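Undergrad: Using the sequences plus the hints, can you model the full thing?
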Amino acid sequence: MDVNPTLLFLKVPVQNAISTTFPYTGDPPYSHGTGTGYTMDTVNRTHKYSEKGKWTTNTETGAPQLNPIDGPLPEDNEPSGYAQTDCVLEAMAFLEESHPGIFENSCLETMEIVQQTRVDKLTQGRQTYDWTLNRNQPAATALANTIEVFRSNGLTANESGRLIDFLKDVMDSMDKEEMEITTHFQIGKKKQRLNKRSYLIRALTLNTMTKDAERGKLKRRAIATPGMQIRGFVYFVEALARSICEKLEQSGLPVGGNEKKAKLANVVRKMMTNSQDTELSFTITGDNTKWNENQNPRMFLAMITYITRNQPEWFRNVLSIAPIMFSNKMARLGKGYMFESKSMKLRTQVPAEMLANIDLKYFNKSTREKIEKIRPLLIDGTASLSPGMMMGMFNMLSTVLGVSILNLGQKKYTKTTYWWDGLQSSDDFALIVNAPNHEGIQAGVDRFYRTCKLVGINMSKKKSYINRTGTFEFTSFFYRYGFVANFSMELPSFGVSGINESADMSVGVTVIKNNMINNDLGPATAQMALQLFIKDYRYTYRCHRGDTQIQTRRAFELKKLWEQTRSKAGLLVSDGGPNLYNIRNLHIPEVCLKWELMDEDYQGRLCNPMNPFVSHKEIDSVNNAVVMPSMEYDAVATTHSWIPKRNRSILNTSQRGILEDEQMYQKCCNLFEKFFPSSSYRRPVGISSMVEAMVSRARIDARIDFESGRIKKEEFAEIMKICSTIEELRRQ
Amino acid sequence: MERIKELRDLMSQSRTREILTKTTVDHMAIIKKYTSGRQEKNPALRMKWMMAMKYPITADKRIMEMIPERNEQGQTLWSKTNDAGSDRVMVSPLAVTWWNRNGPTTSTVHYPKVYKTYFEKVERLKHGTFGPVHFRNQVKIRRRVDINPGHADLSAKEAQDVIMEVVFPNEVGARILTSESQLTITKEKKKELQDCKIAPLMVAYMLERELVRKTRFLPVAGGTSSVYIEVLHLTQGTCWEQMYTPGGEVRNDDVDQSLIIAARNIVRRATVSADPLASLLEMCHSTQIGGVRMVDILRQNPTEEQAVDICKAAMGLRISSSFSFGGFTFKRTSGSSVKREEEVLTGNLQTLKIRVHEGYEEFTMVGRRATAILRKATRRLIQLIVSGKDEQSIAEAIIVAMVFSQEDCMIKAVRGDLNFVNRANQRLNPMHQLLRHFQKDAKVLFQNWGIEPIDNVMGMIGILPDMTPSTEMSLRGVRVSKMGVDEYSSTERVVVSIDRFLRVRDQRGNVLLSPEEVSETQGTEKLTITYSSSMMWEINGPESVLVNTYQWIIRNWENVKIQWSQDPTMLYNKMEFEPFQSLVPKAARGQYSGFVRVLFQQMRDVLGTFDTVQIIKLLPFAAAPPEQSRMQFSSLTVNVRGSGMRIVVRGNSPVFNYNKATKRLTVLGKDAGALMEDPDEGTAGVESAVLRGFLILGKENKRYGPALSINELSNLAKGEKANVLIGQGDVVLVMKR
Amino acid sequence: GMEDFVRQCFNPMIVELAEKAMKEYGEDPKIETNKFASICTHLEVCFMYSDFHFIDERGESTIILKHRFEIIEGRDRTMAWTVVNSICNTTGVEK
RNA sequence: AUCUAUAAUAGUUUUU
RNA sequence: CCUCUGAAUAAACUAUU
RNA sequence: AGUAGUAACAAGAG
Ligand SMILES: *O[C@H]1[C@@H](O)[C@H](n2cnc3c(N)ncnc32)O[C@@H]1COP(=O)(O)OP(=O)(O)OP(=O)(O)OC[C@H]1O[C@@H](n2c[n+](C)c3c(=O)[nH]c(N)nc32)[C@H](O)[C@@H]1O
Ligand SMILES: [Mg+2]
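Protein chains in written order, with the deposited numbering: chain B, 1 to 186, 205 to 647, 654 to 756; chain C, 1 to 737; chain A, 0 to 63, 72 to 102.
Derived by calculation from the structure, the hints in this document are not laboratory data.
In this text, a Cβ means the ideal position worked out from N, Cα and C, and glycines have one as well.
Any given hint might turn out to be false.
As the list claims (entries may be wrong) - Subject to a maximum C-alpha distance of 30 Å in a straight line, what follows is the list of computed DSSO-like cross-link-like pairs (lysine-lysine):
(1) B:669 / C:54
(2) A:102 / C:189
(3) B:480 / B:229
(4) C:189 / C:113
(5) B:698 / A:73
Said to hold, decoys possible - Where chain B lies over chain C, by a calculated footprint (3+ residues, C-beta under 8 Å):
(6) 335 to 344
(7) 492 to 500
TA: Laid out in structure tokens, this is it:
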């Protein structure tokens, strides 16, 4: 009897067992080598989707640019980027008509946000392409380097601390005839001068790479990272788009999780109720093919221009800068390639800056064709990519465009017996079409398809399907008369996080509890998950029970602690103790759970503030009250809240000196916390220099203490003298 | 002195001086995150890799002076190699477990105070009570609940301001605590934290854990209170419910809210009964709210609400003919009204329904800091007299009275981006939204309300849209006095008589309350409500009532089928259909009943046409006294969470859908069970339970001309066959009996 | 032309303070020149008002120890409010 | 009755 | 021979703090 | 050889 698991679907509906279709217990696919091939393929495909457009040369950068806007209307079903400007404007106008005042209120809120936002908002994120180093750096590091260069080039509006002043600095730097930066080598400092066009090309460049660990894809794909100059404008544009999306029912963003599921269910049921009882209703689960390679920045500029009508000119300019910068963008090719010689048995790395004029005998047929097609677009080591949105950017503005097309489906606009509505989320969509008969359904689907074609949106025919209303799929949520649970999606979260012992224990128990609450994880399976997690935890941290004979380097200490302890149940699992968790007490921290079972000596040693595994404060001498470290998933800090080592790769590079710098920064920051205690709790805001603020605080504190009698006049005189000395040092 | 000396020392050096001089306070945040890079992308893999190393942990240099380099067996506990980018050294977990067993011992007596919330969770779990486990058909609903209760009358920003004031008095910037609650809480916490010896940052985090309120969207069943949401994983499951009561103290407001919800549900289900009073009494005696019998709460709880008053009158307790609105206690001295759903257009171009009360009425409003007498008609404020303490109290009372009057001027004064749906697209109460909108700023409301000259009677002062004491002209119908209080008589519980049909009457004989005056809103309870009876779903929400009604019909399909075939009169009178009949719109009930019953009769007159699904679908609708008519229904409505959801007579519907491939019934997405096939089912494609006086013969037949609508079937005669557009885009040939 | 006169008339300290005050809220001294002069004049008036005053041990103002006046202008709003809050806490004066 | 406060960390979703 | 090192995309959401 | 799969590892650097 051959075992066929799939046959289980002959009795269990596919949705009710959808979790079986996710093979998320194996490792996900990874990319091994370079991403240059994928970047070249993306650029060539983006230009192919717009080949019938207008070719021009940019007078500021010299890069060829392709303009498909107002291009020929398609005669077939292949993807195309020939959006019609009048149609996009009409879609925006009708969206405004259906929801009066949406754009006005959105613009008011966005004006407040723009006027209030601080520059430190840019420090958020993981990486950022640093134009001063032609590679990726941490966002804070990139911002610091850019501010330093601007200050060296006489661009200091950012001192105001407002993001918009930083954008003014960027705009003013665009007009500089030259820029000067510093470079490191084998760890000296040298000066480099960039002419206007070189700096302009660097400012419009987005780095590219390959994405790793993505589920459900056979082939790899490319992703992009924006530069420092464009982040602020994109942030403001996305704030406006978020404000707009918050006011639309069809929008699937920016809501998520249970709230998103509730909103989608409410919207779908309202659509069902509005449907007449004597007309067919169908639902289309749809995908859009190459959404980001067919959307054009110029159409986003048009949409922003229409949205910001009757608004102050400065607001319109600051919003319009982003599409302007994105339609003149460049793409970094990547690492390059590697060549191998079998006879000589050697390997070498060929950088991507040489692809412009490298002989094509080394490459195979596919790569040779890629390079030949892309060579005309290569400038200064990058590729000219005018059309298309690169990767995962302007998601909410794309959502607005999709929702406008959905809004075009009302009977007041179709002017016939069929109509449609549905749900939009970036590029994914579900479409409910109502019509008296099947021919009406066909006509409505065709009209929706063609209207999407007009605005440069292509419905994926091979990934989209249609059935009767009642079941569909949207953004990986499977609706079968209501959304169904999918446990396999969250399954990778089970295990050991890798923060430390306390945090990992908390994360494991909390994950089990949350999956019980949300993903329909049963009681018995919850208990078995707890057992498996404790097993994995003990094996990872070498903290098996003290009454066992598992051979590990940590077993001797645990055995001694177990033998010297009277109350065993009070010991943590990290100390070789037993497991006291069950269903009823998954919501309680481990240390608090067994606090009333710990020996006094063990409890005091565990929660001893003077433990070198957690740092110490400096108020008075040392805050010897509680173990204090960023305490995520760690309610109570103990000796098990230690911190692991750091990666030491940079020690073999020229950037290792940067370590010193950051250390020194910390030093200074530490001192600032001795004058302003609230800085750690809440972020300080000011324009004065750190030294000036500290000296002023010292003077005012001395005066207040002397007036209130907390200090004697000798200390006051000494503090004033030292303040004067610091003032003298400030000038010298 | 140490701070200034260290600052001078740093300023002496060049790099430190440059950093301190060129860096503003704003850029201090940027440089604080400055780093060479945290090259970690797989923390779990990295942890597994590192734990195989000799010295994966980092520790301060002090460890070299506190822990020996080797233990008894010579195993190394730490090394002298520093961590890159810092001055900390590398150590082994053996060091941690050596400290835990041989380190110096301190006094950890204040930890329970620092982490009071978690030990409070432990105490609540310790003293909790466990009941039985019931297996049922759970219907979890996605709603916003609170996971951190925080303080009652505070928000996130207010709590943060209070924390800053208490812990960082000099860092509060320009904020001033204007709310009375904020000032009182600040004083109380300063008194409590007087002469504290804990670090300010940890005190701030403690106050954050104690005071800040946190809410999240979760799929919940039962109670939405914080104490009931912390153990949500234990008490509610996909198919089971565990009875559990937290062991702490219960807030009074939660008890009041739960009592109001329970009373409303009980009264609504009792109205549809043949003997409402006895049903209400037994339901009250069979209900618990958070582990406490409902009768005890009704005895010891002073709640002003219509349904609670009806329950108290049924139990013989003295009541108050008062309700709450906008923070004021309204009490109708005279007049009467009838509710009516009216569609209106908002000032900001929004269309919404409102429950307008018609008729003339007079009320007295009592507030914590204001009092008034109001006289109104249908969407018309006849007059208002306000005697508040200061300008703010009178303004608030005026706004509440204006919104209460349901004036068109008030509706047209709505401006800005005001929404009448939740962020999850769930309907909100229009009156509460209007109150919240106009309480922030009522300048436009006052400007558009109107002005009118006054007669200067009794010396009562005037008031202008600018909120000033005028004497010639004042706001239309509004007057300001000083001697109007009559507040003692508000708490004057009176003895009343309750009729069999739940009509509360005064000693004189005038009607005070009736079931029609109870709100139709279907809310959720803060504390879990437990019902003990044959039907534990008798006073549940609409979705649970629907699913359980159809599940009951399916489970008892054998005797139900026999009874339907033999003696239908007794079947329609089952007590199980009454909760379902409560959901059907009242004005429609009889009509629907009539319709359905006729179908069944035809289903018995014509043999060979016995569809189980049709009978199961339509049976709950035949439980009301029939009203004869000739109307044709293609669907029957049911009120679910304020929306009218339709059940289609023929074919599947969003609510009730039957699947033949699996032979399974789904009600609102919940599996009600699998029907069992009967040999008597008619396998001939003939339907005789769709139209009131017609028999569906087959699919489309082009012989008899084009199809016509359902409502145009009254022109046919006996024996005439015709094509009808009955169903979802389907045309079928039918004949008239 | 006003900016040249302002820069040539007032001492560099007051010019620096006014320029910092304008830069704080995004003001451009080169574009807004009358406001530049107004801020410089206000700062000079405040400094002349405060300077040359002292309080002896008795508590009587004298001219020539501790300053009689605490200056709040010329600082960013953060330090200004810090000074105001400290004074209010140590004296109980209305905020 | 309403309910998008910030910042850190990890996880999930978003293919010609 | 010897020294060092084992590799951080965007948006939104979820959980904890 | 092997892993693996549209490009790499099968140690790199000083
Ligand atoms: O949490 C909900 C409810 O339980 C809670 N509540 C209600 N009563 C109390 C008390 N007494 N203490 C504490 N909490 C209480 O407040 C929430 C109310 O929710 P919801 O069900 O949406 O409100 P309701 O449906 O009751 O309508 P509401 O707008 O609040 O009106 C209250 C009351 O006033 C009556 N009413 C309004 N108007 C315009 C009236 C009128 O013109 N004439 C007459 N006679 N009555 C009028 C409402 O119908 C209700 O009776
Ligand atoms: Mg899709």
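Undergrad: None of the hints should be skipped; say for each whether it holds.
TA: Taking the hints in turn, this is what the structure says about them:
Between the alpha carbons of residue 669 of chain B and residue 54 of chain C the distance comes to roughly 12 Å, so the proposed pair stays at or under 30 Å and holds. A distance of roughly 21 Å separates the Cα atoms of residue 102 of chain A and residue 189 of chain C; the hinted pair therefore holds under the 30 Å criterion. The suggested pairing of residue 480 of chain B with residue 229 of chain B holds, with an alpha-carbon distance near 24 Å, which does not exceed 30 Å. At roughly 14 Å between alpha-carbon atoms, residue 189 of chain C and residue 113 of chain C fall within 30 Å of each other, so this suggested pair holds.
A threshold of 30 Å between alpha carbons decides the hint, and for residue 698 of chain B with residue 73 of chain A the separation of about 25 Å falls inside it, so the pair holds. For the segment 335 to 344 of chain C, the stated coverage by chain B is not satisfied: 0 residues place a CB nearer than 8 Å to a CB of that chain, which falls below the threshold of 3. Given as covered by chain B, the segment 492 to 500 of chain C fails the check, having 0 residues with a CB less than 8 Å from a CB of that chain where 3 are the minimum.
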